[PDB]
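What follows is a single structure, and I will ask about it in a moment.
Here the complex is missing one protein chain, while the rest keep their positions.
We just call them A, B and C in the order they show up, numbering each chain from 1.
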Amino acid sequence: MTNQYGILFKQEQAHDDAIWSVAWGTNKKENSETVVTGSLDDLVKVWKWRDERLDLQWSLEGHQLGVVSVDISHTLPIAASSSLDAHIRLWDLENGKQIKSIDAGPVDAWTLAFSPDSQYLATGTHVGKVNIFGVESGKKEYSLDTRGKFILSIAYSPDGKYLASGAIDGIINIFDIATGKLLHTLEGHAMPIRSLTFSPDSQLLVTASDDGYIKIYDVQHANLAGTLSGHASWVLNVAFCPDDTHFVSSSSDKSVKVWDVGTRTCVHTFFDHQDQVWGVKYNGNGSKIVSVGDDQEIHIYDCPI
Amino acid sequence: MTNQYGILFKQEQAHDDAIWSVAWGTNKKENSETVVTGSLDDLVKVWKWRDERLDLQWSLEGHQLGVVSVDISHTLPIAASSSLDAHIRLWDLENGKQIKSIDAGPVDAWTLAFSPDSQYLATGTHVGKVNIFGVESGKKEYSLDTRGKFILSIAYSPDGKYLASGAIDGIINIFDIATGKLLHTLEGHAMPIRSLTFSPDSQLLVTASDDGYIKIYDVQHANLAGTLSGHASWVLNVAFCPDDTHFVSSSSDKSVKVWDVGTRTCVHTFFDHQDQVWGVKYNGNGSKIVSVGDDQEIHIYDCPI
Amino acid sequence: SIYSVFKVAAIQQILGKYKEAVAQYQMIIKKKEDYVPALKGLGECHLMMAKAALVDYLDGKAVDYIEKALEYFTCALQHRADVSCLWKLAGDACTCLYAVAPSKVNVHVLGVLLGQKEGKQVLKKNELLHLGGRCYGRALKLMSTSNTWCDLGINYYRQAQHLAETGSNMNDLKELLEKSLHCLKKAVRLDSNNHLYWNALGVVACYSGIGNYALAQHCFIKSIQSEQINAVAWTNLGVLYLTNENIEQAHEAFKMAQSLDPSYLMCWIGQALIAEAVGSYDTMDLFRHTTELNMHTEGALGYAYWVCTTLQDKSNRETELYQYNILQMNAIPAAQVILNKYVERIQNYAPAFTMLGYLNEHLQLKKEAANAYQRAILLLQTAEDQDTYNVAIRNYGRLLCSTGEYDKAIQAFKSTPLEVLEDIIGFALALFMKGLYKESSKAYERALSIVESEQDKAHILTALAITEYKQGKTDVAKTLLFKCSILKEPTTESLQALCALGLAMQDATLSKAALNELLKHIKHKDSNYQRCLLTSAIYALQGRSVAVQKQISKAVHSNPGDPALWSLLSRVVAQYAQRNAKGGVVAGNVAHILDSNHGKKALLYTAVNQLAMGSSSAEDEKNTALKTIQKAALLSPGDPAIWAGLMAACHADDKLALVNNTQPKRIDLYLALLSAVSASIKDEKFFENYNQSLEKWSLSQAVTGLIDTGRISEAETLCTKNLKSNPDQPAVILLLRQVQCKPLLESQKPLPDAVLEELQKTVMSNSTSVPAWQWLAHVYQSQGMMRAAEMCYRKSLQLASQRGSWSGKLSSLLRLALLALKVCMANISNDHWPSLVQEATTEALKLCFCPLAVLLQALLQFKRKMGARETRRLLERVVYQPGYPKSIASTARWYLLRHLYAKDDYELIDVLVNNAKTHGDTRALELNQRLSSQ
Partner (left out) sequence: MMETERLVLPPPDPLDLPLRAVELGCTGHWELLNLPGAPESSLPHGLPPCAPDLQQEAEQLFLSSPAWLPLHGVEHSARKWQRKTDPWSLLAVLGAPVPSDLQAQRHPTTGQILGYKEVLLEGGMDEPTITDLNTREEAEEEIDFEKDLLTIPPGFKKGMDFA
């Protein structure tokens, strides 16, 4: 019953150090398939999967410390990255030379996330707020406030009007873009979350925590649909499939597992990635899976519909 | 029936802290009687028993943390030592000045054991493998791999072609040097072993465990010949006599006992060593017994043939 | 044409994908707003999605879907009011929301339905059921069919059930029951060949208010006969037999029904009920399978009760039933989710709330536990209140006190009769937590008077000593702990408290006795970390500072596992005896390897050890202090020490890049890191002295880095703001002086003796710090005062030697040697500076093996002489013996080549030239060629 799964591509050494983030973006209407990775360095190398392999195209740089998170937009060709250098400089992604550069410390911005219309590029700060900047318009026009500890994750629904945020100690806050008032706060876990993502036609919110558990919550209320516990170590990143039937999770036990929401079970497990895996993402259509690990290797998988 | 036993020599304070390992080597054909000890320091002091006493000859040092294991060769004059410093530096033992220095952490090497021809110097790691280096030739040419926990004991048969290894939780693995393939695994105990030794014309394997029991196994099969339980505390080191008639075991209850393999009973017990004893060894011929304890004292005994 | 697109959308609806069909129907309704079939399709789709949502436990989604379906249904009924399809669907929609959380269902129904057309109105559950009955009656009037008769009967049954459930009335529902019975009999008599009608008749007959079991059995048998594969009727008969003490035949009927349908939940629940009633061994497994299948309330409650009972019993810990059941299946989280759904559905069971609270408490979910206890309190005030309510009060108070909110916890423990040990002890703990130690002490003696279960008494004595000590007055607490020790069997907590109390004073002998007592006869404790920490603190208190490493190495050797011990070793070598920096780095790396959740502290400690070491490696990347501190920062960006280490690593990397002379990098981030340090410091409970030291070090290092990089204005503004915030402290005034004196004196300029005197007075203001003395000696040297700089260096040396420091002594020695050698190089008379050089270098060589000191000796000797062969021998020894830094070897090579060119030996000059060529150098070869062409 379990479908046939195959890698079809393994990269020997993409970078020189641990890879911390990866983003796959099918931004343009034709087959672009742009992949941007950042790995404990100034290097924000951009790869391209042309037919069956990855070919390096850009080696744009200009950072001073290790980049911790990268993200890519689906409407316009653009990219953004942040590091411990306290600088959010967004690249052009076609010629790749430093369109802008925003000053914001670890007390002002931690992770990156583009708006569904690629207009705001919200970030999270130490004091618990969620700083929202403006692309091409200005810096720090306003920020939604919640009363909590260090905030790590910022997630956007694929239709807007929602904004989730995970924080240290497990407290989860949900805001509405239309008004900006705190709707309801979810207690969540007792350990840091460090991973959130919505789904299309959003009605499900999936949380990954530091204790190994995976909670399945329901938006617009506080009802949880279940708890998935299959991993043995910390869970670091979770990405959802383009159709609401599966989602992939990567843990700290050197194992990448894919679950199914309909039956709440693990359909397959991949035994690769000899070291920790720090990022997994889907492509435009749910056929391939990318995964970058603490060890210097980039893995692409194949998941049939 | 029990023979006359006497100490004939007691050292007041050989070192300043607890002694963790001892090696007795009759390397040269004439009366050398070299004794090397390491004791919770940088000091790897080498003593010599000339006629009736021990005389200090070398006080070579150069370690940063406590030395946990020492060994001496019987063919060539040479010595080796390892510590928590993550350095296996082998000494000349004639002039005693740092012939070599190999980099290997506690995750790469824990204990030392010379080859019967003094050529391989196998060690044990946390991940379960058995790293084998090369004296005078190179570093880390190959390592036998087993899927287990921290490994503690490494033993060589006096004719080669065999390699035993005790580990935490009691799992015992036996390898053959000629090929390097796992022959058979013995369940043993459920707690760490921390002591192993073969016998001449090797056909008997004696194991010491943490629960006070002493198992006597037979190589080339999985048949156990019996279980000896006479001690009251942890058993730390076991050394076998040059003739297959006796073997000496040292426990944590401040008692040194000598057993006999033929009838599996304790012929005599020595009530000395007010604190724990961490090492016992035999000399070239089975006439004297050395024992080092947690208290700073060196004891030499006398066992008639 | 629109009919084709509508039929396409209808087909799309049949083959699932209901959302697309709803969107298509909306698109069709866009062009034409009065098409009836599209409204009917939307209503049917909304009803089915609502029922699917009700299959799971989503009451808000279901209520919203019913409201939308009702709006669409009345919109369609506006246009065509003679169609039995719309009337029956409206009745179905109204009666569908049955047995769903009363007082949570409030639906907006608009317009004609509620008599006269008036805006929008809000109806309750009973009113909604009455409207459904009316709609069913209208459908029956327009079309008389047995199906609608049965639907009306089921609606009346639901109305009667709702009226009975809430306890609103009794014996006044007989008319409704008679109507339902008549409708169902009429329906079954219109067509007596439908198992559905027969089963419905049986179900309505067997209601507790009627209890006509003979007719129920007849109807169930008839339904079975009408159609053979009837699992529902079979399991209904099995349930009837089971409740009327018929275990055997109920088991037979449930087994047959299970065989006829393997995926039916009620038959499985019945099997579980019989197994529980007989006391079998697989009841828990049956309940778990039932809960996994379809999340029903009965299986939920059974599984919850069994798990709670198994957890409550404390003698099962190794029986292999508790182990497998509660660890291999991960029972606790599944039970927790099950209880949230059950309490959402029912929400009037205080025991269920208490079980949910107990599981959440066990799972460290204290806020949810407090909420559950609050709901149980609200439900339980109007109860018998003997055991349920007082226990609820105590548990609510304990949980509330645990999550702060101390005043409310005190009030909650006030609102209960204080005659039981649990309530008094919880009140005492909350009282102590807020403060107000005297009433807490009275309550604790009261608990001691009541106490039994002597271990508890010993713990009460320990608590009394702790709270009494918080009030000072240590002698009586010491006597109390001694009294606890004299008792027949001491407890580990009491001995640990006694040892820590002895540690608080500087006595150090009572602590040794208590530690000996703990070591003598206590072995069941399975925490090596606490004992090792206590022993290390014992040794460190007497100021030895060396036996700590020996004790921790012994502990690590005894237990090679326990990564906590490795982390402690790394931390201790970071703090005490920081000469085994390589060993500390190794211990940190090993501690990080052995596990994952210790990586933060392990990486911090190995980063600090690497920083202390410097650059004593093979110049390999990916293994420097910067990389490890970045990894630690990623793992846990919450502590201030990581940011401080980041500052130190950035400064060290700046110095290394200057030394290698390639590029400065990571220039200006000190302000952001300082702000992060302050923000992360502000959120810790109490480390007052440690926090003050951390902030002082961070601020001073940031100011120094800004001064070094060249942002003099920002540093001055920061210093002025700091001095304005609070009254003056000498360290900040010295820091401001250093900031101010950067513009003046980089380039040669004389300064008044007045400025020197205030600076000297300020340096005197904050004494016992070697850096300030060394800096003032450097300032004196820069203006030029050889004697003053030498006296200041001697003062710093004596200060460092007295305080037990070692790096400061070496630095003072080397600086004094450099100064004296510099003044000697000016070829001045009064040749006492060479004597100073010789004494300083001899002392440095006695301290350790210093290549810089031997090079200074060689340079002075070279200044003195040149004819003597020995000078050449010494220089060749320095330049040729291995294990030397590149710069010192280069300087020795340079001076040797100079001396030999003066001595005119071309073979030796060629030897030096080729030796320089084997390594990497340019300056020596350049000067070699330059003097070759004289």
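The rule we apply is simple: contacts are C-beta pairs under 8 Å (C-beta built on N, C-alpha and C of every residue); 3 or more make two chains touch, one makes a residue touch a chain.
Between the chain not shown and the residues C:125, C:288, C:631 or C:651, the one that touches is C:651. When the full complex is taken into account, the listed residue touching the unshown chain is C:807, out of C:381, C:807, C:835 or C:932. Interface note: of C:72, C:396 or C:432, the residue touching the hidden chain in the full complex is C:432.
Among C:124, C:362, C:682 or C:864, only C:362 touches the chain that is left out of the view.
Although one chain is not drawn, the whole complex shows that of C:501, C:518, C:556 or C:590 it is C:501 that touches it. When you scan C:24, C:258, C:354 or C:416 for touch with the missing chain, the hit is C:354.
Here, only the chains that are shown with their structure count from here on.
Chain A and chain B have CA centres that are 53 Å apart. In chain A, no residue touches two or more other chains.
Residue positions of chain C touching 2 or more other chains: there are none.
Within the complex, the chain B residues that touch chain C are 17-18, 20, 40, 64-66, 68, 84-86, 105-107, 110, 126, 150, 152, 168. Within the complex formed with chain A, the chain C residues making contact are 19, 56-58, 60-61, 330, 333-334, 336-337, 340-341, 344, 364-365, 367-368, 596-597, 621-622, 627, 630-631, 633-634, 637-638, 646, 665-666, 669, 671-673, 675-676, 679-680, 683. Those residues of chain C whose C-beta lies close enough to touch chain B in the complex are 550, 553-554, 556-557, 560-561, 569, 579-580, 582-583, 586-587, 589-590, 593-594.
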